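Undergrad: Here are the chains, one letter per residue:
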Amino acid sequence: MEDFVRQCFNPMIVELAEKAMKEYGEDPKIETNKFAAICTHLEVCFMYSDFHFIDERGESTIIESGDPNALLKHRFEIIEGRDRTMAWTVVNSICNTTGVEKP
Amino acid sequence: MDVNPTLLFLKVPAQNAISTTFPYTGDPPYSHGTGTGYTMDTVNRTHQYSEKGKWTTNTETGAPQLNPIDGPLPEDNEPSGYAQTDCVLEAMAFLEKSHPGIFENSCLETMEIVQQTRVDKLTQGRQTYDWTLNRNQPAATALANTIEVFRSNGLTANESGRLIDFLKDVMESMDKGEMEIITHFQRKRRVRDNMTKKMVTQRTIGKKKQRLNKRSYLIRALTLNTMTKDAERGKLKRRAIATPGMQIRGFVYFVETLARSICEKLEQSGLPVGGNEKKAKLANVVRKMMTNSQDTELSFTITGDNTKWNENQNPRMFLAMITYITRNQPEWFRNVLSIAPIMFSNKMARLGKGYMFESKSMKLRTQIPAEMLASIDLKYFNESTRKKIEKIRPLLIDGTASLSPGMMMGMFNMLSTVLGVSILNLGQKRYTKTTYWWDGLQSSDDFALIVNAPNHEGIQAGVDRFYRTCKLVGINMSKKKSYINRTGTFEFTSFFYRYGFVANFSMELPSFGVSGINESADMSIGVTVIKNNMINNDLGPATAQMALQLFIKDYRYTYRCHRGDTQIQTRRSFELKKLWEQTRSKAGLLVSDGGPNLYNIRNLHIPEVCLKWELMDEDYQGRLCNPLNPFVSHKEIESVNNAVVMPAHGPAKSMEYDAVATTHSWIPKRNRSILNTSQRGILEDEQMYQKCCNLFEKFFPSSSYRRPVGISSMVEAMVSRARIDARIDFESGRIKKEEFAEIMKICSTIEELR
Amino acid sequence: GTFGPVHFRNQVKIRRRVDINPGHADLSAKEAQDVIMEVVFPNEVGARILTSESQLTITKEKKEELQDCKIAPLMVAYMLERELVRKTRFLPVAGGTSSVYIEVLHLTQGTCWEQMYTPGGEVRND
RNA sequence: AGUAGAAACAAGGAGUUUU
RNA sequence: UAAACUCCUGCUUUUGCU
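Which chain is which? The protein sequence lines are C, X and P, in order.
For the first sequence, UniProt numbering assigns the number 1 to the initial residue and increments by one for each residue that follows.
For the second sequence, UniProt numbering assigns the number 1 to the initial residue and increments by one for each residue that follows.
For the third sequence, UniProt numbering assigns the number 128 to the initial residue and increments by one for each residue that follows.
Just so you know, these hints were derived from the structure itself, not from any lab.
Distance condition first, Cα-Cα at most 20 Å in a straight line; then the derived EDC-like pairs of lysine to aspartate or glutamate:
| hint | chain 1 | residue 1 | chain 2 | residue 2 |
| --- | --- | --- | --- | --- |
| 1 | X | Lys265 | X | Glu277 |
| 2 | C | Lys29 | X | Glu172 |
| 3 | C | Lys19 | X | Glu148 |
| 4 | P | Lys140 | X | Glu277 |
| 5 | X | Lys168 | C | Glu23 |
| 6 | P | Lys214 | X | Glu638 |
| 7 | P | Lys157 | X | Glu109 |
| 8 | P | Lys187 | C | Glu101 |
| 9 | C | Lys29 | X | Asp175 |
| 10 | X | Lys653 | X | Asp230 |
| 11 | X | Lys745 | C | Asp67 |
| 12 | X | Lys745 | C | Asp55 |
| 13 | X | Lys479 | X | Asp464 |
| 14 | X | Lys121 | C | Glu23 |
| 15 | P | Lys197 | X | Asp619 |
| 16 | C | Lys19 | C | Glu43 |
| 17 | X | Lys168 | C | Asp27 |
| 18 | C | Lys73 | X | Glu752 |
| 19 | X | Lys745 | C | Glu56 |
| 20 | C | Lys29 | C | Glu15 |
| 21 | X | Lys480 | X | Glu78 |
| 22 | C | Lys22 | X | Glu716 |
| 23 | P | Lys214 | X | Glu656 |
| 24 | X | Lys481 | X | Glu491 |
Take these sequences, add in the hints, and give me the full structure.
TA: The structure is reproduced here in structure tokens:
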């Protein structure tokens with residue numbers, strides 16, 4: 001259910017999928033399944049991302065602080081969950097400062 | 001001796017000297033007071049020529065509207081909007097049988113124009129009618145007021161950038177009764193001063209709530225504002241031009257998208273293009289009628305015109321057309337084109353301003369609104385206007401007037417032309433099955449017809465067959481202003497035709513001069529107008545270096561910038577001579593600050609400063625090469641090299657002009673009468689925001705070149721860029737990575753403000 | 128350029144959609160904005176189709192030319208856009224219809240007369 | 001008065017003081 | 001109340017508030 005989306009999750013993944021669903025015209029959530037496909041998918045995106053930083057020496061480890069105040073930085077970059085502008089902006093920002101092909 | 005110039009038509013043929021009979025030199029007629037007397041003399045005239053349809057009464061509107069088509073047939077030569085649905089469909093079921101597969105082909109681009117268009121396509125155009133303030137707001141502020149109505153309503157559902165969900169919720173806006181709109185009213189405050197110990201006032205704007213109904217929103221959703229057609233030429237009277245509402249043009253853009261796409265695949269509508277393709281199409285069919293030119297045919301042309309062309313339409317047979325020209329199309333597509341002929345067939349024109357009354361005893365004037373016309377002591381009016389109210393006092397609903405029959409100006413063309421050419425399709429010989437056959441063209445309302453038949457009896461039997469065909473669909477040709485004669489002599493939107501060679505003399509020359517947009521960019525468009533009209537509107541060589549010679553003479557009067565070699569005086573003459581005696585390039589100095597006139601008819605296409613560049617000594621253009629430019633305010637792509645200069649063929653046309661960025665391309669003054677309105681609060685809130693919206697648009701490079709379409713929340717929108725500004729500067733850069741931590745610190749500090 | 132003398136011939140004009148200043152590579156109007164979108168700043172392209180092979184060299188030449196201009200505005204970018212827009216405008220062309228003859232078009236053609244007109248530059252090879 | 005022509009302008013708009 | 005002076009505006013002065 002979409003109530004199960006609203007209850008057993010956090011609203012930071014729900015509302016960021018509220019904006020992400022308001023893209024194609026299914027705004028009162030009459031799908032209720034692609035509303036449920038992506039909220040499951042976006043919770044993977046945060047659990048693959050958070051509680052991992054980038055050190056000064058370059059080693060991979062975990063830190064149990066979790067309080068940046070925009071002073072610490074993450075290791076995996078959140079691209080899904082951004083808009084079609086902000087996705088291709090970050091996609092092209094990698095390919096211009098690196099030698100990577102464009103996807 | 002007695003001198004008249006209209007006798008030189010005794011030697012010159014009339015279509016060769018027809019430009020003398022265009023008084024386009026004097027002022028055009030303006031309407032002075034209102035269009036209230038002009039709207040009611042059109043709601044009367046529509047419901048007179050359609051007076052026999054069944055008078056229904058709309059369920060959600062209360063409108064006592066008329067339902068006039070497929071009614072009783074007309075039985076006189078007076079015009080009549082009684083269109084036959086089994087002949088509207090029938091006469092364009094023959095549109096596909098001549099040009100095969102038009103309709104489902106032309107929908108397929110329209111099914112792709114619908115699948116890539118933003119809301120930004122409808123924020124450009126004329127001034128529209130918002131429903132929030134009941135006033136002609138221009139096309140940006142009316143759109144950008146109705147959208148946050150939905151945001152101040154419960155259901156937005158529109159913010160996805162495309163307009164189809166914006167065209168989903170305007171249907172859905174007709175469901176929510178409580179439409180809690182925003183009202184702002186002006187108040188005063190009381191502050192102190194510490195330096196002079198004085199206590200003065202201060203102006204500010206308050207806020208007020210307001211609600212609507214479903215018999216109050218739906219009227220305002222289906223409301224057409226009625227102006228007067230200012231500066232029309234060729235009519236002693238005036239007419240109402242209709243300004244469509246805000247919700248309507250969203251559906252109407254798709255309807256004229258399709259309907260223009262039909263006419264570019266057809267070959268008798270000169271309207272989807274400008275005038276030069278019209279001269280091709282005109283002289284095409286005078287030769288197309290010499291295809292079957294036998295040993296003895298007779299080919300009379302008709303210099304037609306249609307009288308009362310706008311009242312005798314009906315958007316109910318527009319719905320009959322766009323239900324048929326979207327055969328076997330998808331359900332959503334046939335639906336979305338169908339809303340616009342629906343909400344023209346329930347449309348409700350306002351009645352303009354009202355009337356200004358005059359005391360011949362107390363020496364007082366006053367004016368009522370147009371809404372009080374439901375309840376007025378009727379002896380306030382003279383004998384003409386009193387007749388006009390009583391015939392539509394049953395039609396006043398909520399200060400509007402229920403006008404379901406008929407269209408009117410400024411609303412929509414190019415689909416009634418599709419109708420009007422489809423009757424001209426029917427004269428193709430495969431469809432007549434008789435000796436007479438016709439073809440021609442169809443503009444907005446001025447048509448031209450060429451019919452042929454082996455004797456006068458056939459043409460007489462061919463002309464009226466056409467006329468009684470156009471009567472079946474509400475096309476009523478002007479028996480006053482039309483005539484017949486043989487081939488080679490007619491006109492068509494004043495494109496006169498003499499044996500083969502057109503004289504244009506239509507949209508003659510309302511401008512040829514300083515149409516001040518800037519100081520350079522009305523010279524760069526100034527010498528472009530003489531350039532373009534040597535091609536399009538056909539002025540010859542000597543009048544091109546007269547219309548240049550005199551263009552400068554009032555280029556130098558509005559902008560005071562005469563030569564130094566003229567010793568005449570204005571606000572500056574002296575320091576101009578500093579440019580004269582110091583620059584060795586005397587005769588290459590620019591003319592927007594007192595220069596020679598190097599232009600002629602070899603070099604109009606060259607811009608001004610790029611003409612005068614391979615002569616100047618380094619100081620002057622180096623003083624012009626400063627890219628700082630406090631006199632430019634580097635524009636946007638829709639406004640870079642665009643001036644809205646009106647022809648007489650359409651309501652507006654933007655045409656470009658090779659204008660180099662220079663210090664003379666400045667933006668003129670904003671009008672300041674909005675400061676004294678009670679509508680001050682639409683400015684003092686919003687004047688601060690394009691001070692700072694363009695502070696964001698520094699931080700995107702392509703935002704001043706392309707429309708930025710991403711997430712909402714402009715404050716959240718740049719900080720998503722700022723942290724991808726962060727890492728590509730962190731991984732590699734010239735700046736220190738400790739100053740990076742300063743760039744980090746600002747991000748949550750924004751979010752510390754909730 | 129060089130002028131010729133007046134050939135006094137009548138006007139029988141032909142009113143055709145003829146090209147104005149298309150410029151280099153004959154690239155599509157959206158694809159014209161694609162190579163401009165790279166060279167204004169590359170991180171806003173959104174181009175699902177990258178480029179063809181012929182565009183891969185011509186954008187590398189245009190890349191360094193912006194630094195060669197000046198510390199430059201964004202307006203130097205969308206004038207390079209203007210020389211790539213293939214404008215096709217129906218005009219009565221009594222004579223040749225080429226993007227070197229199309230900008231004059233009024234100097235050359237007329238009422239009793241034509242004006243023979245040979246503009247300078249590189250007469251092409253293809 | 002005048003402009004004007006199917007309705008208009010002949011300042012609109014805010015403040016203070018005196019039968 | 002009737003007279004004068006004080007500030008804004010010249011396409012937004014077409015009309016929604018307290």
